[PDB]
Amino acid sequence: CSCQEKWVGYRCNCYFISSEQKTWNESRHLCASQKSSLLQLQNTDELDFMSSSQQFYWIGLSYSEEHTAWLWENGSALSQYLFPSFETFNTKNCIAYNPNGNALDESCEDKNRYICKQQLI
């Protein structure tokens, strides 16, 4: 399950954990730019390794008034028991996440780091 240059492999998946801080719509595009996409958490334990990092990251979850629901990049709804805070998330924000499970919602125009992930050959 080999991956491209500065990409990290785990569970036969390729992840990209950026150093630069960008906008959620940018990163969104940078990942897309690389045939990958703004992280869709298949579960809280997707980043075992990064286990501690006390910093948040941008992820592919964003609200969507058209389906009155939070959605991942491919349009799957957000599981209600995934993130707990859930109900707090101010629909006008993006979702930032922390390897240790914690997750925030900050202006989609802030400047956090991003995480792309190539999932299927």
Second form
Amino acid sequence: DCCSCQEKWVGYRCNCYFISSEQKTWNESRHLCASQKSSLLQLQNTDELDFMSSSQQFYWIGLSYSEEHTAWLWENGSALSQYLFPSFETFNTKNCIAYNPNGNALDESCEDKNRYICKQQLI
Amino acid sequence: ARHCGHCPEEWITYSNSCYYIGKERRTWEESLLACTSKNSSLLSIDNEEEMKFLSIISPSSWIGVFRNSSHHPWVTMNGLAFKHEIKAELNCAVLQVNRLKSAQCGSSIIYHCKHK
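Coords for the form solved in complex with its partner chain, given the form deposited without its partner chain:
The next block holds the full complex; its first chain is the one shown before.
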């Protein structure tokens, strides 16, 4: 179909995005996206939010650390590529990740309030 | 590499309209002709709310609104009076972070395109 996406979500590359104006905790963001039947942004590569590359806003994305896998994972369970965020070595494992469509990721206290981006796949 | 059929391969849908967030700076007329070449129109603004949305996605853009001189009223490219207020020799309009600004038509500025 590819032309789903509520009213006022943005559709791009057969995905739907919701860019928040409201600032919420990482978990609150996680649940709001879940309430819209979507996930907190899983980034497959930086070109994915090309349309929004001028932004100088950080958004909570769907990446959190797994003690079990000794690695950072998306909410779906798939692994982070090493080349996606090169500083990932230095991310504090108790923190959540915020992301600027620039290309810059920052690890931050999950209880900080930030804007968030939800994403729906379509296949 | 699949996409919503209603819009082209590298554009975005939002509210029953396609958008091209351009990323190349151009003159006002150069932007207008640039969009028409791409089979659409320079950025038009419908609501104040569209404006706020567009301000998340890109800080500056020409919009299809202009004057012949310092005072005839602001006119759209649909041939209508532009009913939103816009802030020396500035005869073309630009949207810059949720505000409508007057700018010198020969300035190179980012432009977006939008579909009916």
